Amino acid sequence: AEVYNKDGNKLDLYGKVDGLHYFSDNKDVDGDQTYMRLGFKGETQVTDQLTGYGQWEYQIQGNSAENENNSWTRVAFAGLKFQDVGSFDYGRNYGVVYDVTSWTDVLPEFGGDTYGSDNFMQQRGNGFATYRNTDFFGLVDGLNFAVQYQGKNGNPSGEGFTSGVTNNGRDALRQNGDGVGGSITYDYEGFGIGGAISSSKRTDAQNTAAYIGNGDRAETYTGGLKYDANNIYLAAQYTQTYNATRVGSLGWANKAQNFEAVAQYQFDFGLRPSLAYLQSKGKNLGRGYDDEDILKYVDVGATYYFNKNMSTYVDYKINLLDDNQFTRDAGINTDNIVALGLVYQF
């Protein structure tokens, strides 16, 4: 909701409360999943061509008791945009791989989980410096590209580590070294095609015998297709990763091949059914695991939009993984999940 617009500065204060419940035999996910998000998007006109902006978004869990608080920053960045030349921002933001993989990240509740957060340049993460160019300097409508750098996020400070430390250090599964990435998308009428590549130095803490998927760099190669016209939405993405896809708690996949596809239809009266399939196939994983499915599920659901501020949904995760030694070892969910949600937003 635009709560301020005066003297060249605008502030949008936005958010949502999602009253959400999961039903599953996996009791680690089963039960109340209520959460809220809150954010702001501000923009200031410096000149006719130059605009400044800032964006921040925060999630606060609404399913805990009052003696605990589970909350986190999703994004937090500041930037400058110059008409027909480009934009630059720095902060906690999305990796440029998500420019393409976000196209299938449209399910009512599930989806978008062949990758995670703080997972190299694949989704949300710290220390992204991002250049974006829309419509190729204004010369080619629908052609967008982006170039991105991510600074190292290493070992925790003040804990006796003698190398690889950064001020904002963390556990090895969420670390990264210096990284570079780029994306390109082209949309013409209903159709969209896109590609993205990222390459990040892996840290010394990540490359130990404690974790599968050792290697000098974490790399991803992604291609995507889209159709978004005439009340239909179709999308698919394929990603091949090296030492980049997490395998539960075990570390990373030496190689993974990830695939997501989605089909949706929007009825005039507000109902939007959705069908999706997601898989992540791990190769040469190590420790005698050889090849294993990391993720495999069909998703069927629907959202009903009352209007722009209110919706409700059902989502059914049909989990095709089987309970075996590998999934137990990695802590990967193999159970079905049904989610029921009622969402107010502003």
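Superpose the two forms; the largest set of C-alphas matching within 1.5 Å is the rigid core. Numbering follows the first chain given and starts at 1. Residues that one form lacks are left out of the comparison. First, how it differs from the form deposited in another entry.
Only one candidate in 111, 164, 151, 192 has its Cα displaced by 2 Å or more between the two forms after core superposition: 164. Look at the core-aligned forms between the two forms and you find a single run of 3 or more residues with C-alpha shifts of 2 angstroms or more, at 157 to 171.
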Contents of the next structure:
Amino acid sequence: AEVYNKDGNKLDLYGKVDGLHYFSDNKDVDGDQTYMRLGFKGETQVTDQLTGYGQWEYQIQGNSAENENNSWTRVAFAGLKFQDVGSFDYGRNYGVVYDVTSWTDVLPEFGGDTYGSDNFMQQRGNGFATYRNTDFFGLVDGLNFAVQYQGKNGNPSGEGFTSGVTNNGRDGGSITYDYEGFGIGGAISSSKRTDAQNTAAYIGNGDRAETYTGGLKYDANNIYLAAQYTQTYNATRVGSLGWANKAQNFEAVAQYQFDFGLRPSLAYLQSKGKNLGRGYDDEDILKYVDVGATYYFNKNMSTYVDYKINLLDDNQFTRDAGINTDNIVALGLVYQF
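Same protein, different condition: the form deposited in one PDB entry was shown, now please give the form deposited in another entry.
A lone chain is what you will see next.
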């Protein structure tokens, strides 16, 4: 909600509670998923060219006993929006690879898991410096691009420590084009991978991590259609088994937003692990049809249903990796401010 807004400077304290439940054979996603997040957005406008900004978003699970704490930081950064030039922001942000792969992460609840968090630059993680430019400098229009650099986030440990660091399921650029509905967008990224993430513990001759990504979308008059395809080298988490030498990830959504508020979606997603290590071979990391819908009471409240028809078999594979393979359904009631 746009709270404070006085002389140049304006705030938007914001958030939602989401009363969310999951039915699933998988009693390890089963049941109660309530959660909430709050966040602020901020801009002080410093001149007419130049404007500063910040953003902080933070989720806190609301499905556990006062015993238990849990909740983490989603996004936290400051930057400067220059005017022709572009914006810059350092901080915990979304990886660029996310400018295009986001084209399809919009299911009522599911999708946006052919990548993950603190997964190089695919999606969200620490230490991002991003540069963004909007219609190639005001001079060609709904063409734009982003380049970003992330510094090493290494070991908690006693060889390559980093201040603020981690285990390693947790240690680029894009351009995209417009002419009213219809987006194409490429994004390429590449990350040196640390010696910790490189040790015959589960999987990855990991040299750099590379993802290569093209996307399509079409959005206007109530129709939302999009596709993103991207293949990765040494960068798709395959369970907790370490990473996936090659993997081809495909994701297409289809949706219609009704004048009265209901908005069905239909989606396919999958991820095909290519030449994996350690037996295994060619093997599907994710495979599922999504069917579901959400309903907006207004722009402030709503409910959704979601139904992952889970297209993968059990095997010493999935089981190895601890990849859920069952269906789930989600039911959610949510109020956002």
